[PDB]
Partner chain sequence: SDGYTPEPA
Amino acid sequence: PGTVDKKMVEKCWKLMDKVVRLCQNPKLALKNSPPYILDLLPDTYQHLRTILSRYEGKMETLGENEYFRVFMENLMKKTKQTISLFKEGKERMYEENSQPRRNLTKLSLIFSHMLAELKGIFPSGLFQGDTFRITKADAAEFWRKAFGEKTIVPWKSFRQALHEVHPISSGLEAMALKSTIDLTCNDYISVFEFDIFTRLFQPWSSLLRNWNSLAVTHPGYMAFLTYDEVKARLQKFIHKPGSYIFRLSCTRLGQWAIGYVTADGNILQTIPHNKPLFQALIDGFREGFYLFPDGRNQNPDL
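Could you produce the structure of the sequence above as one chain, in the form deposited without its partner chain?
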């Protein structure tokens, strides 16, 4: 994870420019829906300029920051990947549902997560990794005890530390867990990524069982969708009140949104308030609102 300097930063901007040009091609019909790479990359540029501005005079400090070195390396890696993706996908980049354009969507989410992480760790351009506030108290305690005030830890150490408190049953569960928590796909877990995961799958006391029940095996789980995609999916069940699904939002990391069909044949969306998703779904079934996950007749018991 190499030391960041002007020329690395400038190479980043040159690579980001190339991705921008690639995604401006009109034959992609690139829709504006979040995550929208054409906004994300300028926004990442602006926040990086802000960081560099704050560390004028102190460029040694910034460039030795462990979190920043890993972040910039990952940013260079993902933009190169995006550039390669275009070079080899060739004509299929213009097929809306091709596998190379589903890969572009996937990279677009990662750019979104990376920007969000960078803003959580460098609010206003100043490094605050070591004072980051973890939302759930049992999770904050776990981080502070295993990792102190580290901002980022390699996946292997994170897995080992977490296994001792929340046993992971197999190599396969470990990989699936890595895919859920390692939002930036850089083989590290930041305190920001750990915040998001423990918020989504609280209560801490049953952490991984909540994750299995909500995001591994639940037919209601949609992973990342927009409001509009949720509505369009539930439109097909407007005749079936009680049909519901739940989603993550790339613009509101760490919270759930539930969409459901009303007895009156409308679709409403609710954000779980001061309860875990787990409980909002139990209450929602009890009250007759969340009965048919993705329209299916069998609803998991929680």
Contents of the next structure:
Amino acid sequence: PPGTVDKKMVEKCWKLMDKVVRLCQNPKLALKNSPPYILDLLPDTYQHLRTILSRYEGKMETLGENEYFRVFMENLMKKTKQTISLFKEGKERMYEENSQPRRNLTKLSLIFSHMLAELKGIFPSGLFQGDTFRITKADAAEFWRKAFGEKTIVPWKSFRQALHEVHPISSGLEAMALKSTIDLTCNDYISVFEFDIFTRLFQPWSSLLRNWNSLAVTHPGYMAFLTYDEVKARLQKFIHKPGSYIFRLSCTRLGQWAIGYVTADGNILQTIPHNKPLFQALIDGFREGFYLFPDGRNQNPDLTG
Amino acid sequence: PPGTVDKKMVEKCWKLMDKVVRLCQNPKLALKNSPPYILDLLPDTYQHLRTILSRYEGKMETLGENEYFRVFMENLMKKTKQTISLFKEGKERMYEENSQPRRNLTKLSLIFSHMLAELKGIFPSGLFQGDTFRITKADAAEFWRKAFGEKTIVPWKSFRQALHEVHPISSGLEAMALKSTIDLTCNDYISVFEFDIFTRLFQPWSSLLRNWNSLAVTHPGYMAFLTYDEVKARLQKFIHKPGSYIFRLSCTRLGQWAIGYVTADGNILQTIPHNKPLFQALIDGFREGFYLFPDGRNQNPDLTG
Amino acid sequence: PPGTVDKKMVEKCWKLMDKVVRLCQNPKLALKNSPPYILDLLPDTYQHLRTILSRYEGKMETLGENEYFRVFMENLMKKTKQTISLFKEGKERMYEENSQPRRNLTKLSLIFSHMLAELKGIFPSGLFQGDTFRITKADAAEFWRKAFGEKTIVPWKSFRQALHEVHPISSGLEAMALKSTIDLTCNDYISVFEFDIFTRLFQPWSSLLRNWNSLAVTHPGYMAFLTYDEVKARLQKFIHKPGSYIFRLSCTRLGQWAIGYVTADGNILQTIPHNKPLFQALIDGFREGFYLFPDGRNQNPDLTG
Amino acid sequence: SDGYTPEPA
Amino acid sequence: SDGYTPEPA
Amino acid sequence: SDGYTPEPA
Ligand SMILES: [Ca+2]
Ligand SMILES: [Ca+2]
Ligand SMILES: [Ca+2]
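Could you drop in the structure for the form deposited with its partner chain bound? We only have the form deposited without its partner chain so far.
The complete assembly is shown below, putting the previous chain first.
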């Protein structure tokens, strides 16, 4: 993996993070408070990094050499550099919302949220427990343990070939689609944390990639790195077409689905389905007249097989 | 409309707003954090005004002359002056809760919430899009467009005569009741935003004023400019009379209804009905034993016609 | 009761509270923001004490001698001293989570939450209205009024003998169990506020102590001074055993129950039952397959009698 | 934010 | 935090 | 504030 994490690199990273903070306090950006909110995320990430350092008082050599922590720190440093490049190389299109540069800052925001979530899953309370992480579906737990043991983080290639023995991937293009879905921190590493998220979202394990095919790859309602405010904004054009709906990953309850939909009374509501898989929510909502037109489209996929 | 908005007037307004802030940090007031909270509202309003100015860097002449923005700024300035008068001309009855002066500060609070909401609807992201605002019910959309085109804001008189051609108003007293309901920012102007709120609340459009007659004008459960904390406080006297209920506009989800009710287990709960109009919620809740005694009264209106 | 409350003692108490605040800002502790959060609680308690003092401007002699306020201030001072002792006499086991010292700081946190809640119930808006407090169940209201009149706070002994005439307590050990449940502020005084909480939780009044026997004393799912984050953490080991459940007092909606449960899709969800007593929620959840194994145990109590 | 709970049972 | 509401009616 | 969700399905 990347290099060992010393004090010099943590104090560089914070200085990068504080630069992204200053950039992001531009009033022309019109940043709204809702998650994911980069103005809370960077400060919160520093705080959890303070926590880790504090509990590794003495044992810095152990922490500095930890594999996950080295990959994490590199991801964090790379992403905060991408955000600084994005502002600089975007000059004034950062301010026109629905410019590409601006969509790119929202996507980073989400990535900064997914990274903080992963770091807290792996280091709850500032201490490394990647090696005892609990994978939430038992079959998926068995897969990881048989393939990688108690490893916290594995390169994409090695993950893809392990997955491929049990759940065959059809092609190069399907594999790249798969990668973008799972690899929430976008760093070409698959964590036990990102694996947990993906197999909870696309359970049951016994048909994993067919489930991911129907709900994401071939479904017009699925929306990849979208936020709550983006879903609301996207549905506005269908305000007069009750039953229009889209769905995505929840950013604050990672592992759970969030469905957005236009009601018959002129509201745009967002829900998080409980005690039922997305399929069943989608089927029943169609049957009850709520989830009819995915992304405002007139046909809806028949998930009833 | 009012005068053009220059730098001198924005810096006056902020100075007024900061005076209301200082007044409102009196510990004798016992202000609670819940929405609507004047201590978050004024600061937030400044922030969105910072945002607007920032995106009109250069084009101040365009912004300064915008019709809605001129009316807004006047409303904001008038209301912050009323609040300063209220403290000064209230001397020490501001501190006795359930004094009139104190109820008047709560009502202003709500008004400051409704204004901020209108300003964000009309200037989402700091840019003026009153002219493309989406009215949420299609019929109501047609009405506005046929009557006023793409105007953002119209004087009450002109609004009343337009409404009156399609939905006849019975009398002067009914017209004044109507005005107080719709005119959420209390400035004798009806925005496309306030119109949207009113027709979402009292839909369907085809019986608009009968709907507003049954649910507000003649219903003992309707409560005009009340907050969540006021509803809770008002229901306390009926704590031992399960089924007592009141309803009002939600302040944080403008356009939606919030029902307050005393349960059979000694709780006071507040709900926001979804995928059904207030009528249906009221009828079904009566039939299921939840919403029985409006404002603790023994008879309940029969909405089942 | 304890001594009269003067200025000297309030300025001592604040100085103690600010010491607990400094101790609690240690990054090694890894304190999470969720309620109960001692970093918001102490500051908030000071603020409500500022409020009280401010409305008793002049009448300090009246406030200083108020019975409830004297007992409160003593409780607040004793508990903030216990927390300072706990850090000092815990040296470095404060930092190992699931050390005893660390569990003890969580329990104090909860106590600091219960005290602030009691002080706001008795002094809503900074003014003493213990004497008109509304007890939420009518029978329980009658009991208090017949036994103690309009008293705000009564010593445990006197409370136990009053209760004992109407709802006989079986033994010394049952009485001590009863005391720990009711006495939320742990100070050997029972407030009208704590009484209200207990009789709302364990209603109906006509079988009070049998209800408390079945749901708390003999139930393996009941969890005494546990927080939301502790329930989530406790259920992790049962992540693969859907139907495992535990319940407790809600800390932010005192008087209401919060049930934690592992779903069939790999989630840990927490709910607050409404318009039904805990018994009925427990029975129906068992019958629908949600609440099966209390604390992960294979048998579940039959509450259906 | 204030507590809004699901419609009654 | 954002507004998530109960599943549709 | 913590996440409390609607009673189970
Ligand atoms: Ca990754
Ligand atoms: Ca207006
Ligand atoms: Ca007590």
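For clarity, a rigid core is taken as the largest C-alpha set superposing within 1.5 Å between two forms. Numbering follows the first chain given and starts at 1.
Checklist entry - Of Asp138, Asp182, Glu229, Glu73, which is the single residue whose C-alpha shifts by 2 angstroms or more between the two forms after core superposition? => result The residue that shifts is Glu229.
Item to check | Cα displacement of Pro42 between the two forms reaching 2 Å, rigid core superposed | outcome: After core superposition, the C-alpha of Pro42 moves less than 2 Å between the two forms.
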